[PDB]
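The form deposited in one PDB entry is given below as one chain in structure tokens.
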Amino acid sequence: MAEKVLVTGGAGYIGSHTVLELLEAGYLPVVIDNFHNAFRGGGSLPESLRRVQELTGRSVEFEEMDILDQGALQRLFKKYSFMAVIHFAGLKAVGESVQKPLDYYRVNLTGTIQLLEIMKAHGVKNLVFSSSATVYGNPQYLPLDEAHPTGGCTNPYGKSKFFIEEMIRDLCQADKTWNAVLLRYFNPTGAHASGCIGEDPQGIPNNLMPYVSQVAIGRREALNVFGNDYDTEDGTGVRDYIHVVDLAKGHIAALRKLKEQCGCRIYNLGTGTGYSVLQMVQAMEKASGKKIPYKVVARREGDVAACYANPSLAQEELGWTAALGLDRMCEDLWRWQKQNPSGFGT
């Protein structure tokens, strides 16, 4: 495989993991990031990628740049021969999307548009887009499948995701030579089994794990449980979490699919089983050996009882399955944290 794979936002959480899977699988990745939300390593790379090289014994090509920079993109594309692009570059803090909508739309939509245009200009018509199952909006049924209506999104982040999917679909509709796999998933968690890489501490987490996990290290007193009266097995809310490793590998599987001139395809990635808040607390206690006290507070406005995806189609068409469960997610997460209390540091 003399041809490279471009990974935008490859220094990030999901990107770094994906980059590692790419290396392990025999691919040659070129990564670009502007460091908006990644730690600056000691060398020529971000800390996350420096550790990836160490972990794999393989190297990664990396370029610091912003996808909003057309000049940078032209140069990049002229300098390398890409067989495909995996697009992770973007803003993804849901709580922040509400306070800073323009930045979300600007970076996500505009950035994407710029990217598609350069791809098109360079004849690189193979893309894997890292989407979000939030596009389904509130479940009209469970589990959520690829046939569920999309576009019911409430926040700017969600809408931006959905907007991007639509543009990709339309483009594929207009030009049959394009191949694109849109991957929809919920909450990524866990980290590489080494415990050497993982998710750095985020200002406004998108999910519960980091919170559960803080309470375990004592960096937090007790956990707040919004509602225990839902129509669930245990009364608590049911969410969809997927191990970052499993998710990174699913991105590799989509890349192979492109090769088949698949045109535009859409798949949900997940374990197929949702997890309750209680279940997660239990799982984290088990992994940490620490006690996690919690407090039932009242149900959050808008919160739904359960929200999880059906990943059948991906198994069928991509031959992909999530091998990691709740327990592994907890262990792996716990390990990265214990090992790197503050995330990255040179």
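Definition used throughout: the rigid core is the maximal C-alpha set that superposes within 1.5 Å between two forms. Numbering follows the first chain given and starts at 1. Compared with the form deposited in another entry:
Core superposition between the two forms leaves every listed residue (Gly263, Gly272, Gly235, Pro139) with a C-alpha shift below 2 angstroms except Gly235. After superposition on the rigid core, the Cα of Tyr80 moves by less than 2 Å between the two forms. If you fit the rigid core between the two forms, you'll see the Cα of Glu316 move by less than 2 angstroms. Taking the rigid core as fixed, one finds a CA shift for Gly203 of 2 Å or more between the two forms.
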Contents of the next structure:
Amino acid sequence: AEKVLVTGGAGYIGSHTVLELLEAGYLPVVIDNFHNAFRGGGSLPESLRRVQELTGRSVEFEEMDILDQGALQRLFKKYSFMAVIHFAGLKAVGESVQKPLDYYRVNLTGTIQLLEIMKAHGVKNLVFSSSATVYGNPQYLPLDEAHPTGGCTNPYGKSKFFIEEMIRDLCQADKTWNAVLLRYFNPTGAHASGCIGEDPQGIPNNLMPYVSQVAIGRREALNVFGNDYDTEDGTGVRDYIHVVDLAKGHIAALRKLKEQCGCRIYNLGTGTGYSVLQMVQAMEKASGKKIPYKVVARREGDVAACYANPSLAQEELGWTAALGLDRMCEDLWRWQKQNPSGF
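Switch from the form deposited in one PDB entry to the form deposited in another entry and print that structure.
Below you will find a single chain and nothing else.
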């Protein structure tokens, strides 16, 4: 009878997490304003319509904006939530630099309003979908939870760090609160059905969607930003986690809340980084297609390598990533091939 609110649940990570919630026997209620999700032929976002088909279970959904205080108040009176998993936000790094106020409005004001209504209704159990960009430029590797946070170099990253700090302070002030902050890097891959996945609008900003678009013929060549890094092959080494593993980590965090854990922070990841060229090669193998690329200048603010240590999650969340590079690529490619234009 108690429900789990999932904000931004129509999106890439959200929709995968809704599916995992349903399969694990929880009752999700999703809100989304369709900022970055596709509308289906019915009331549901297309992603969540397919989730219903994939699971045989229904998703309760309300189209609303977390910036709408009155809608939030109504939502919290209407449903009895035992916890909230918070994905609603803006997440494009390049757009954040250009439009910082939008990022701070949606991410900060949105989160503060959510926390306020949660507090008002005594829902004091939160999984926050954070970002390992909060660690800033790596001072050692792999990044663990003891590594410094802050000194991010873009508004997106700062907004994530600021939210973490607000949550930490809330939990300090009220020990009844339980919150799990999950830090990870690049979600990749798709549900094994190939029926849902990441559906970028326009030219993709992340590597893997771009590479899949090259493979499918929609793009000519991948731009590789620098090949003179202090890495094995010269290209940037980055951290890629299968979205299904990531979604399962959000479930493990939800369960951790039941232990009355207070404020906890965990990295989610495989513990192994891959270079740009390693991902291209893996996508060529998965796709059976040539993926042309062109080396261009380093991108402002990029470092040689960043990857996370997931040992703490393994020990305290009972969680490990099961899906490796080839699976990420195979699952991405299936989504791409089955859905050449996305939703």
